[PDB]
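Got chain A; can you put chains B, C, D, E, F and G with the ligands on it based on the hints?
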Amino acid sequence: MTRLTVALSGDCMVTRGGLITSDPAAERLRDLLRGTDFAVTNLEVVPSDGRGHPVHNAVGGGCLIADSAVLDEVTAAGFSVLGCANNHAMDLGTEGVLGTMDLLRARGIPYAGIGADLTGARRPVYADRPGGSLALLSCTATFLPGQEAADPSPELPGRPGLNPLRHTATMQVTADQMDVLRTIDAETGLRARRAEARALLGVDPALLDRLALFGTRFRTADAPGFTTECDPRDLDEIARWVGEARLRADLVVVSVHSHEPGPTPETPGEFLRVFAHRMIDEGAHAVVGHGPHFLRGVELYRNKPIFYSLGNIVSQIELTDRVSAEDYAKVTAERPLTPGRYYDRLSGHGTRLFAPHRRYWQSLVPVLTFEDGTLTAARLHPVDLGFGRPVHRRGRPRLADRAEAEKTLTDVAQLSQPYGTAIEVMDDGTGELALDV
Amino acid sequence: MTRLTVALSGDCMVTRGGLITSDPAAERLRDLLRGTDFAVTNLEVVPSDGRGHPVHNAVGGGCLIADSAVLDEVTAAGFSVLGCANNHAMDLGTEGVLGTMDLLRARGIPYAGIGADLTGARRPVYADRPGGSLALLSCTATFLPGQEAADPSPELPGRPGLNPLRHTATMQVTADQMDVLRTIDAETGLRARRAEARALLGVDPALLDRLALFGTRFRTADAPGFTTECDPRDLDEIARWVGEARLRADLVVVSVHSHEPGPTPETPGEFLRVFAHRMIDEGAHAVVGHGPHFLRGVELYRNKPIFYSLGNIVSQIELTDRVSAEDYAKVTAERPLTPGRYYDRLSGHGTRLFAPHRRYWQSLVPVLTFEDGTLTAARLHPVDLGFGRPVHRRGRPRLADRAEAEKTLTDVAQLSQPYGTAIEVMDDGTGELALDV
Amino acid sequence: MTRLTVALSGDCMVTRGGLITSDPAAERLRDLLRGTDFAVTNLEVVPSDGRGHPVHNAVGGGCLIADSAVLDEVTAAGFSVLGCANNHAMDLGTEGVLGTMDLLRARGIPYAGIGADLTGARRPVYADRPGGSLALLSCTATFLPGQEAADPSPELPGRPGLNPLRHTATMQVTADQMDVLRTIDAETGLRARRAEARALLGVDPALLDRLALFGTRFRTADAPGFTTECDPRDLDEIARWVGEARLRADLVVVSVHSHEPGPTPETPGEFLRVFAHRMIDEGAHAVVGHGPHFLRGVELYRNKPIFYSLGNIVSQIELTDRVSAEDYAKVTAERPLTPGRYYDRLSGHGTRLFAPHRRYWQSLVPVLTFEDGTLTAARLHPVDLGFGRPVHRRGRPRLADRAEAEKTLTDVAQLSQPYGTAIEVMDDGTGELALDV
Amino acid sequence: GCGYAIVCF
Amino acid sequence: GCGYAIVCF
Amino acid sequence: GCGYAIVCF
Amino acid sequence: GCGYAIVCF
Ligand SMILES: [Ca+2]
Ligand SMILES: [Ca+2]
Ligand SMILES: [Ca+2]
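Taken in order, these protein sequences are the chains called A, B, C, D, E, F and G.
Heads up: the first sequence runs through residues 1 to 208, 211 to 439, numbered per the entry's author numbering.
Heads up: the second sequence runs through residues 1 to 208, 211 to 439, numbered per the entry's author numbering.
Heads up: the third sequence runs through residues 1 to 208, 211 to 439, numbered per the entry's author numbering.
Heads up: the fourth sequence runs through residues 12 to 20, numbered per the entry's author numbering.
Heads up: the fifth sequence runs through residues 12 to 20, numbered per the entry's author numbering.
Heads up: the sixth sequence runs through residues 12 to 20, numbered per the entry's author numbering.
Heads up: the seventh sequence runs through residues 12 to 20, numbered per the entry's author numbering.
In isolation and in its complexed conformation, chain A is listed as follows:
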């Protein structure tokens, strides 16, 4: 009956024009994206005509702001539905995110994940085509506290911001380790400095056999360990909107931004896996993840795919022309710096950060085919971002050649093996997931 194709991708950190080069492998990527019914990416950059003020985002790597003309590069390349909840959408504050919504709506680009209040950030966006409709929901587990949007009260408006997926981490420690922690709390004088809060609240907010010291949760356990768990409010609220989107579109896609690592850098946080299973339990047809800037595994759960990380589809951080004063201060200089010189110094003249490692310059574009909601095909198109090229050329995407596509498909297979995922490989280096249907 209804047959729809969806292209997925990761972080779109675009800061310059000419996104699709004259390379035939790059033009074939645009042809691939244009040929689908819907093409989703995560706008990991603030398009701006000047509205707002830079926030201090040292932990996110600095501000990521670009001329709003980059939005024409995104649409001309083939992307048609935008997820905006990430740790950079608020780089220009509440006024910046209101400016982003204005820019996207004036260009007729559907988006989700940000809004003038919390409900607007949580809502799905519905993209309608002659062949059918797709609902996109977008959330992020990585952001500066306070950047989440807020809903209005009877007396005050809401707050523009992002759709949050909060989570808590608990340290499991032995009883003897717990006793030393409380000993350190008492003997340093730290417990004495909570005496006022004890009188005002009536309780010591550090005794919960839980315990909250140094802004971290500790719990007595038989063996040391580390746990993560999604905020119940965010999980139930996002799931609520997923069930709503299921009634009003053929396909529901949940895009989640998450930098958080599991026990290993390539594994997702345990909470993120619980989140993705819940989204499919509620009716989502796919979960697309991003954040780490490298690829993570792919899981098939109840015959629906979870892409824990598609990495970067566009990577032009080092080419941004808008560096904030607080960002400049992170580099000690004997003379005022130009942006390119600042990024060269920040990376130690290229010897650290993302440039030296190949994992940050390989990507993947899945193309999913659905027939009345059933996944019938999941093609995998490896993407090359130009590792080792000059800074002004690396970061633009093109379909990887045969040899490098095969290495990328091998990585994906190895990263997805713990989930029982198998891949068929074509002669050109592209592949597809082995499905049970």
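One or more of the hints may lead you astray.
[Said to hold, decoys possible] Quick partial rundown of chain A residues pointing at chain E, CB under 10 Å, derived from the structure:
#1 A169
#2 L213
#3 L215
#4 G217
#5 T230
#6 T266
#7 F356
#8 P358
[To be verified] The calculated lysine to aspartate or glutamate pairs, modelled on EDC-like cross-linking and capped at a C-alpha distance of 20 Å, are:
#9 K332/B / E272/A
#10 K332/B / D233/A
#11 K332/A / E373/B
#12 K332/A / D204/B
#13 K332/A / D238/B
#14 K332/A / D117/B
#15 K332/A / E336/B
#16 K332/A / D49/B
#17 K332/B / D238/A
Think of the hints as simulated: they come from the structure by calculation, not from any bench.
All residues carry an ideal CB built from backbone N, CA and C; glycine is no exception.
Positioned in the frame of chain A, the structure of chains B, C, D, E, F and G with the ligands alone reads:
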């Protein structure tokens, strides 16, 4: 030659009209304030006509927003120079603080501590009278990270915000306590989750014999202890502007907001004392502190006074008509709440928070007399905020009657005794500091 | 690997529509410009919808202001990157140059050389195409003092303006000539009128064996002579941005406006040659000059071309419809003048200024080919501007016919001979530089 | 932004 | 806002 | 702003 | 704009 009088006060948390009642003791307070050359207070509330969006400030006790008409109550009561750097000036975000600056300038009220960028927040404001001039600088050590203002770069504007006095706390632990902390770091799996940051930065950001675990600084020492120290950039920058103000006014007053407790709730943070000494070293004639909502000691340093905390001069938190949705969520309710009901539930129907304790409803208004920069008199006027009165009446200030003024003057003397400060007491309950001049 | 073509041209003084006529030689010029990857010209006219006020620019020949619709003529003709730093961009003041930036950005035209502050005027603009990117920097050595842009201070904004290349001229005189100059200074009473400045500054600002009289620098030398030298700040600052542009684009082009003559009208100023060598030393791939309204020589320096002057690509000064009152005053008239009559009288009914001489109506459009930054071809296309035609038709460009193209190519060869430049000549009158690669 | 005092109401 | 990973560049 | 050339038309 | 006086502070 030049003789000037300065009235000082603490937190002005005004949310209603009729600030000065028909009580003769309240009208005499207005007469006292009006009779000085300059009257300084800390505007601990966002006056607003609607511009901005509420930020999440749970740690500050919620949002503190009021009708801008309260500014007429502040000036009619006698206050004439306003310090605005505190942990509530950003309760409506960057747009709110820009709206506050607009409101203050349209009413011709001199202010300092906030600005459209960092320099503007650091600048002194110069209040000129026929008898002479006073320079006010205002900073805060308590605020949500990111709320500090930012200066512009060649490519991006600054960020509106407050004048910050940042500080770091270090836990001194024994070597055996340090070994258990690193053991907990390794055995829980926490050290494993920094593996990516180790590759990107080239170092483990937790090994500094310093150490940074759980977002807290640890240092090996012979005995456990607790240290605090001002951020060197903020200390040098604020001191720089103090020396500038010294050249352009008779009197330089530094107002610093600080909730941070010392070893005991009544003692200031060690960093705050270093800050106050530095301000007078640089040429300030007085340092007025606030934040804790109760009184702290008074110190005479190089014949200049340091008031570590003057408490509240106006306390009408529970009467605010603008409660944000995130604030409402902190109280579990079976029905939507009105503001007054919300505050009643938040305080456990009056059995906790500030209402049960008398220290939160006594205040002090010092009146300093300077002659060519030399302190010649420091009168102390105890102020009563109506402990035990109904919520709609407590928080308005009046000169305390004889009996309660004497008890307040005794508290101040006891809180100032560790600094060697002596007080003379008048028959009406007012007093003055014993000076060496 | 990367192969890019760049068309260069001189002053674009366009004031009317129909820039490209139905002449096949003019349509072939548009085809040539459209066929390159980038086409650069110097916008020597203020496009305006009415914003700003005319400045007094008698020395520049009057105001040069046109309907903003001429920008559509510029882009339709094939020009795609605009250099704006010249001695007419400020003809409508700071408000006019802000209006020009608005007009160019609303039409999506990349530009450089002007900005809201000095940094913005110094920045390169990056033009991205599928085949690669070009960075354009634009400066001017000819402008009214004060028209240069200014950067902001902590308390005041910058000033919109142009990117300056300042320079100083020193007169070398014999010791006996120097003694007469100081004698004239003393005996006329001129030295007496600096008595106040001597007391205020503590020195006589005329004794530097340097010497500054009559707003001119004099130096004792063995033989009389004339020297020029670039301002060290401007040279180092422009070079700094050139090195920045080198990191972020394949090709860096520096466009410099300079009317200043050398010992002969056809030779460039000595400072301009030092500037051009420095630009290529810093990494620029080409230096395009303009200003004099006639052609100057071409130099190959380290295998990169320097075009000291490409003259006019469009010359419609006498057709402007917007003549200022101060401009009108330069022509004594017994009745109020219409623009065309004013220009006829100003040129003495065509017997002086630019119309009588053929050098002001020949031009050149170089087309450079680069392969991975190496110059592989430099084609030369002579352009005819219609010498001797009626005023309403001369000034529109077309590819010169064979006979006149040959004469223009001969001029270029003779003007470039002192630099050792050789030219190959085709049968149609076009040519190309002899390269060492 | 209220590290060791926890409460800064 | 990047508790245990420290870096989320 | 046209010191020795005098004319910069 | 301060030809022979040089300084017009
Ligand atoms: Ca991210
Ligand atoms: Ca406070
Ligand atoms: Ca010119």
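Results of checking the hints against the structure:
no., hint, in the structure
1, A169, "holds (6 Å)"
2, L213, "violated (17 Å)"
3, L215, "violated (14 Å)"
4, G217, "holds (8 Å)"
5, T230, "holds (9 Å)"
6, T266, "violated (12 Å)"
7, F356, "holds (7 Å)"
8, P358, "violated (14 Å)"
9, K332/B / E272/A, "violated (28 Å)"
10, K332/B / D233/A, "holds (15 Å)"
11, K332/A / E373/B, "violated (46 Å)"
12, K332/A / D204/B, "holds (18 Å)"
13, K332/A / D238/B, "holds (18 Å)"
14, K332/A / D117/B, "holds (19 Å)"
15, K332/A / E336/B, "violated (49 Å)"
16, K332/A / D49/B, "violated (38 Å)"
17, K332/B / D238/A, "holds (18 Å)"
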